[PDB]
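To begin, one chain is listed below as structure tokens, in the form deposited in one PDB entry.
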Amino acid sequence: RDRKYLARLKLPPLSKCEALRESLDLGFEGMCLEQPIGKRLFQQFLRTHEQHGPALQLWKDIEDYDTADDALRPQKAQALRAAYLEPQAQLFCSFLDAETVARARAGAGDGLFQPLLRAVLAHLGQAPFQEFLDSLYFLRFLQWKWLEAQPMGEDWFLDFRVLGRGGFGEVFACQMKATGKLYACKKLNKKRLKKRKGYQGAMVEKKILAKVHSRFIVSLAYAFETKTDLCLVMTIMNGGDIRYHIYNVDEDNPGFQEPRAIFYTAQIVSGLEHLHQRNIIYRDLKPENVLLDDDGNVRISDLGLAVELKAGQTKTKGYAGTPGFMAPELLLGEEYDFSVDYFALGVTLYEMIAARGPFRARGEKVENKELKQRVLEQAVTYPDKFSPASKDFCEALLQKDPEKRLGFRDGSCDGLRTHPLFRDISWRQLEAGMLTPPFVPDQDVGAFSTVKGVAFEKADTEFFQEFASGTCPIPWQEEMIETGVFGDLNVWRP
């Protein structure tokens, strides 16, 4: 780590945090549940106030139960109720309803304590939260927010190796100089962006990666600009892409074993769900856009073709996506919704298992017009390599009529998650990142030809300024904690 940059991570005097008091969202769920540093500080406040001890420990124990192994749950349920739900107990939680205590004692299930969690957090949002606002712990939060809003641009990042190559520039592995955390930095050449009219795609990707927070979608930590580039610093994925691994796993016998395909399918679906729950259509799901990290967990990426539906918009028009992955509705010029992403999922799963597209044989020469005809007309056949479950699931996704296609219903994919293909998958543990991935992994092309005849107007500069919106709060807080900097700077008496 560069000492120069670490020396700029210092908490400021309280006087410089005044303007922040007024300007910030001081809502409970925003500050104390969703912001990692806000959660840590709130919990500390609770830990130093004996009267709020029971609330805090039930909160942590419900979280510990939610993410525990199947084997250990029965016992943790029993310990919880003995600890918090009994009049006699030392950590008894008076503040709870008679009605809530009853239910929490009743039964055994995946979301056994979610009703309990809701009550605990509702209570925490009242008196305790107000006491928090009147404590040093909140002033310390303000100090952290101030630091969070300080300029952290180009100079803070050291590119040290090329991870990949895109249409507008390279993607680099880089180090955040101050903390040492590693990231991918996607560079987009400004002149090439302008000349090829890529502004909209650039911006939509950035907006989407900034507002969405899912362990199945690459996260944007920082957006900045340099003299020649726009830059997105995001989750580093060193594992390579699914497409590579389909054919590299075994050159002679390509394709994944069924369990491995199911696992990635489960992670991709969850990623799709997170987008669809936010009224976003991906429109570019395909194996080369699903990246593996160091542990072998996957995330979707490449959000430049996505679209965000407006408040109370249910469908959209737009010819976009990759030939072979675009659904009939889309190809036919019709209005479509999330349905197109589930079609893409089907093509994707199909290739994961068969090592070839549903509509063309492996390494076959097919121009776009014929591929469009195949997708609209050709029935997909399934080799012996498919199980009945995998066959049926793909069929359900590759249904040409969207109305008959399996997908996002009633605000979730919970129906889709019911398909026997996923019989062995634990969804609660998958969603929490607790499962063991099925496989764990272990060139100097040069520079692009500086494009000609590109001068910038104020409008271009303004777009660049708007793009380079700086630091994303949540990932920044996650970095501070992961990296040790929160620990070091938050000490009261070492």
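Residue numbers count along the first chain shown, from 1. Here the rigid core means the biggest group of C-alpha atoms that line up within 1.5 Å when the two forms are laid on top of each other. What changes on going to the form deposited in another entry:
When the two forms are superposed on their rigid core between these two forms, the C-alpha shift of 2 Å or more among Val249, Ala389, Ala89, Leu158 belongs solely to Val249.
Once the rigid core is used as the reference frame, the Cα position of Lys365 differs between these two forms by 2 Å or more.
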Contents of the next structure:
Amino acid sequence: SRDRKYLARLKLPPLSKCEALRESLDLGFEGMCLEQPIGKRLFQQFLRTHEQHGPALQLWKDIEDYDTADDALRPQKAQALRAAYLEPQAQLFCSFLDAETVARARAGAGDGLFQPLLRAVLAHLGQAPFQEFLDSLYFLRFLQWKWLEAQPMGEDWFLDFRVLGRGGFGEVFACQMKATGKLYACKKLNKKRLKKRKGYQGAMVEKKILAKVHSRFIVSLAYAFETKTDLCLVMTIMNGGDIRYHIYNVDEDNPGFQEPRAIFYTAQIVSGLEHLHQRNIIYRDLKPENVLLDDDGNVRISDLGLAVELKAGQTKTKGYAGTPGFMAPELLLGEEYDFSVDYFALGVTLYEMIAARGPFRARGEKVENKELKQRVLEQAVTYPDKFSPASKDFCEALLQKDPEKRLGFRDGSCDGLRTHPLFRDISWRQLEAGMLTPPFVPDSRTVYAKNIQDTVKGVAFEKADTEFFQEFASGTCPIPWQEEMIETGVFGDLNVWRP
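The form deposited in another entry is what I want next, because the block you gave corresponds to the form deposited in one PDB entry; please supply it.
There are no partners or other molecules in what follows, just the one chain.
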């Protein structure tokens, strides 16, 4: 319910207040016109009012359509595109394309169709048309939106109205951005408590990762600020409950998921993992309770405080980190490891979704750490009748104790893993675009969470503490903020030239 007082603060500035931003922002084509939604929108507006870029604009939009069309409609759409843009006497013929690119796009019917064409289209728009844009009013209007994006949007802008859950350092609240009305989760981390338990590194790591990655399969950070008592992270609201609750607490009589449901989540998790691994992040804490459902029933990975980020030229890390019963053998043996650890945990996760128990312990079995370690290292997992051959086999490939022999991330992707018979009926293209109907959709009228019921001493803050807080409170994330402006109509309202 948009609070008008804060809505009134979303106004475009005079141009003289954008001079500093002009001289300081990364003016990269890819960053500005493809990844930042307002920048893309304004660039397309520029292309739309400049006749000579009409073909490039239209083709670009029509490839995106093709890329997210239903299977049955793709042949027809392929035909329309080739007729509109690739036949030489067509009104919207794209004469800027090399004839080789064109000829190649007029042939074939493969999965890659129109991807080299898109590259070509985007390569072209990154040259002259981009330059022309930078020299247009449309770019100046972008600077106006970036100015507004940089303006203080701290605690007062958010109305907390419910507790979604509890973490180690504070609660997570459902909240509302007052100006726009958009709902988010706000993870609150208590400052004194954080300092006391030396949680800076994990807190900062989660925030840096949630800020830099932009995946539909990982919770997105929109805002990061501090208050007198907390550090706060405002991120994607995930109202559907976590996988653990859904495994055990939704329908207690029949714990676990039917196979198709378990496969769907695995595919979504695999996609989130791939997105991390491509950017050299090892997650190190995949488990059912960290995979959250949204209202549509799509899942995302969360809780990134144990993650590690490999630096340039570093292919392995080391260290005892994670949740017991999800930590790979190579990790437990004190060896170097890479992304492999996450695929082992994916295996335990899949195992648990089908079997409604972990593969190394009986129900309610509470063991010494060393006993659990020896089971992970030495004990072969057994699979009950519930497992189909495909599920058994996939789990066996993931729970492989030797990381060399384990299914996972090879050649910069999970494509190998995607060919496994278990995903026989998944359209990966549609999964990645979010077009699939999830097999389970949470009831809006249900709270899918265990029930909720509501100072540490002798902690004074030195300079190094407040310096860490100010680093952490980096503020507004461009991409999510721009999504918000667009989604909620504010961009529409404010981006006007004449009514």
